[PDB]
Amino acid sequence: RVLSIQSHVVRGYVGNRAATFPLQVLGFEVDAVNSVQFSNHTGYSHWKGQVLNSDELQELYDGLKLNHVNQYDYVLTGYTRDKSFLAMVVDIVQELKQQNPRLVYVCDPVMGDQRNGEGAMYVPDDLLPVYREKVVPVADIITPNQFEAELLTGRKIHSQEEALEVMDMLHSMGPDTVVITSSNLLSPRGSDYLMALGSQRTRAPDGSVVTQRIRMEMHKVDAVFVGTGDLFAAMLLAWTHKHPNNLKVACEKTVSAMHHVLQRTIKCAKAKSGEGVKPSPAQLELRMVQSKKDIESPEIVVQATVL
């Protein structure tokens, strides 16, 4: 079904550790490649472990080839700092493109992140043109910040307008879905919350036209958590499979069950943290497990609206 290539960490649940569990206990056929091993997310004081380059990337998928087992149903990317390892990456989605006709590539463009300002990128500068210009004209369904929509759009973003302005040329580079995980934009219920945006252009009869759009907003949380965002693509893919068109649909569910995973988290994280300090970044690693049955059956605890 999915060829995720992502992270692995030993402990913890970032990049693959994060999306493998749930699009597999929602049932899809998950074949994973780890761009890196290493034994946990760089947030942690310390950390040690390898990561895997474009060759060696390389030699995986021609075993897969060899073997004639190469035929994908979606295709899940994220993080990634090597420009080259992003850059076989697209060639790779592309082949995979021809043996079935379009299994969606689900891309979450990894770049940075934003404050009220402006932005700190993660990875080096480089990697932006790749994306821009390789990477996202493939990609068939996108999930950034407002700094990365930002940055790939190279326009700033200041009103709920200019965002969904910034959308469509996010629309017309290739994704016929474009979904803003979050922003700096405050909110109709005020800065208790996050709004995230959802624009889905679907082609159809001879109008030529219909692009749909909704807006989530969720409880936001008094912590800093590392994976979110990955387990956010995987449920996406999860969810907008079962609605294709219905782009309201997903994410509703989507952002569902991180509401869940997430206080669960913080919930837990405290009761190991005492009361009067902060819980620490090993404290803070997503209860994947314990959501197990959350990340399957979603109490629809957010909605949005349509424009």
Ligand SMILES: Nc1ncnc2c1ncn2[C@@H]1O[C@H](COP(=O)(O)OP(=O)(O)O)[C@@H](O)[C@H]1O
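C-alpha atoms forming the largest set that superposes within 1.5 Å between two forms make up the rigid core. Positions refer to the first chain, counted from 1. Compared with the form deposited with adenosine-5'-diphosphate bound:
- Lining up the core between the two forms shows that one residue from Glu95, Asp73, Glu118, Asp168 moves its Cα 2 Å or more, and that residue is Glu118.
- After superposition on the rigid core, displacement of the C-alpha of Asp222 between the two forms stays below 2 Å.
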Second form
Number of protein chains: 2
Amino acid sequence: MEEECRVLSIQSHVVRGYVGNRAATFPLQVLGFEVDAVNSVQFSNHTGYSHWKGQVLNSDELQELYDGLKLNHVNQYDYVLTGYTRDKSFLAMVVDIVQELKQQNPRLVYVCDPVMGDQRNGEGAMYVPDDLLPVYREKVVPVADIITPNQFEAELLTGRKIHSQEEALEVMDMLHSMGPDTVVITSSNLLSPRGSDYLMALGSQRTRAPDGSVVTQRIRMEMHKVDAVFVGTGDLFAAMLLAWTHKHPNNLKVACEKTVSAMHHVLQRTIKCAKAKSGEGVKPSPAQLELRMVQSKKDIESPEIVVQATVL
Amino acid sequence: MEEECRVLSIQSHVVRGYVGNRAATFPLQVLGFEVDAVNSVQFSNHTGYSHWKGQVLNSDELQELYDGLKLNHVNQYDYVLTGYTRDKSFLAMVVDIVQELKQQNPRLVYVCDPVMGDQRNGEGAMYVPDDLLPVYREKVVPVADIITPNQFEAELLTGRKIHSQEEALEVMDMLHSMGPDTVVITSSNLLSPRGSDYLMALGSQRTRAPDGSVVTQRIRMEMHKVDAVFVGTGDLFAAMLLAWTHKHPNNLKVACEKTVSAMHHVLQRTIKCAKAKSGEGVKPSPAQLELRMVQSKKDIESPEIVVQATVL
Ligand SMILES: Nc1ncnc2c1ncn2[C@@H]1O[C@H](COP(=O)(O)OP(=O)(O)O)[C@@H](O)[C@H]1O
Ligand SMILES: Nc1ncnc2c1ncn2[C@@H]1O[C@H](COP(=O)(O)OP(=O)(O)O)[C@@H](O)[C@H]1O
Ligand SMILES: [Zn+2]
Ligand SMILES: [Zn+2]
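Compare with the form solved without adenosine-5'-diphosphate: the form deposited with adenosine-5'-diphosphate bound:
Below: every chain and molecule of the assembly, starting with the one above.
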């Protein structure tokens, strides 16, 4: 894009692979946004791998950094994107940070990816310490303008469990109620209208006109499911979601469409090469499932629409 | 490019700005290389700012990561790019790592940016602890395939001081002697044939034919000096350098030309905006001088040649 948009993305960093800031920075950059990256952690790779070693930051390490920026008077953003953290102290502090910033720039938008767990093999389990659920639930979502939760995470926040599209739609109403005006469930089990081989994603948006009226947007999408478990997809999503909604602040359908389309492309590209390195009748390993970002540069920049959002 | 090239870049990371891995990753990426980033440090910004806070890694923290990669068997590269470190332990280990990799892969190329100091305001001073000079001088350069030293650093390594083009050409010879076969002094004071308002850069390359003959390449370049002190330029250079020489392994002139051209563009773009935010008759601050990476995406991908290298 051509306007001056700065984004303070606070997420995980992996030496190898695309997950965390690693999966979010490129997209936003090739998209035109100026990114300020704070890495909550530095691991060798993502925990999906059998082994993973690395380091983590605590509230003080985050303070040091922001203080640094603070001291130089360069703490001015237009957006804020947050993700992976294992430190409740760290997360809490972000909230304080986000707010001081929203005080300076009332126009700031805070995209929150409530990264806590995975909804795989049925219902799920979190992949971060439990002490964050409360923090995300009570201090973070409140102050978020856009959330990109997991069916799982989304159940985790609203404290319920989805078993129908409706039930889903309610959690989005509820979630909104907690703060965000734009809410997206990146995916879920909901018995898609067609095929078990299809992922469904729901996105709600609520706006208050200067006349008091509240214009509501509700969209459902059926994505073509890939026979694999990728990691970092969520992060790429939000990062791109942050870019399209900026383009179409009142077009959740469109913003989500581009976004999920880019998503499809990237993913199709990945599984292709993945199955190539694994061989026929052999399952791609997490290492072989890393997102083929660089290769998808053009698709990210201008994704052809391959998913048409249905307006509920 | 269209082949599978992985690069293990080990350098500094700044939350805000383009410097260290922040300045090196994007270029290599939009250029086609698959990057693996290890951040030797994470600071708010670059030390050129009045204040800077952040954390640093030590040999153990680097080991962790390497071990992490090791354990998963993904410690396989085609290149290695190294830069900013303040830890001699860190630097040393990097070497051991480099060697273990060169054993596994004899075709690996190690680009080494001997980042230690600045040659500004006449003669300079290092911006890193002294204990690194020895390490760079005795353990790193020996094993490097391509160095991109600072007139200052270059002096620092060969232990001398340049006061003529010759004096320069010698040091490159001396440098080669220590190990690298491709050597580049990104810049120096040498009284350019035209203008004080011109930066001179010298690039030497030495190849050993299968017939025993040693083909030598020597090129000098006159760059148009910008009325400012940027930071991260060096890092950008090496990264791009790493990319063109990969394209033209036997065309130091060409590889250098593209790179430096890109450099010019990027830089021209930067000083322009910079002076805009500072105002007429007011000097751009280090914050206002951050490279305009993103904005230069296209120029990086295909830089028009605006500097013609002279073949000494
Ligand atoms: N297996 C898959 N098949 C098809 N699309 C996927 C698949 N996994 C992720 N996606 C896409 O990437 C995004 C990430 O979804 P999700 O699995 O909920 O991510 P995460 O759990 O990482 O937050 C979704 O918008 C979806 O369209
Ligand atoms: N003031 C400047 N004017 C013109 N070109 C510059 C200027 N500063 C940096 N560059 C370009 O960026 C590259 C980085 O070079 P240099 O500044 O010597 O390295 P470093 O950033 O490591 O000190 C240079 O080789 C040159 O091509
Ligand atoms: Zn997620
Ligand atoms: Zn340098």
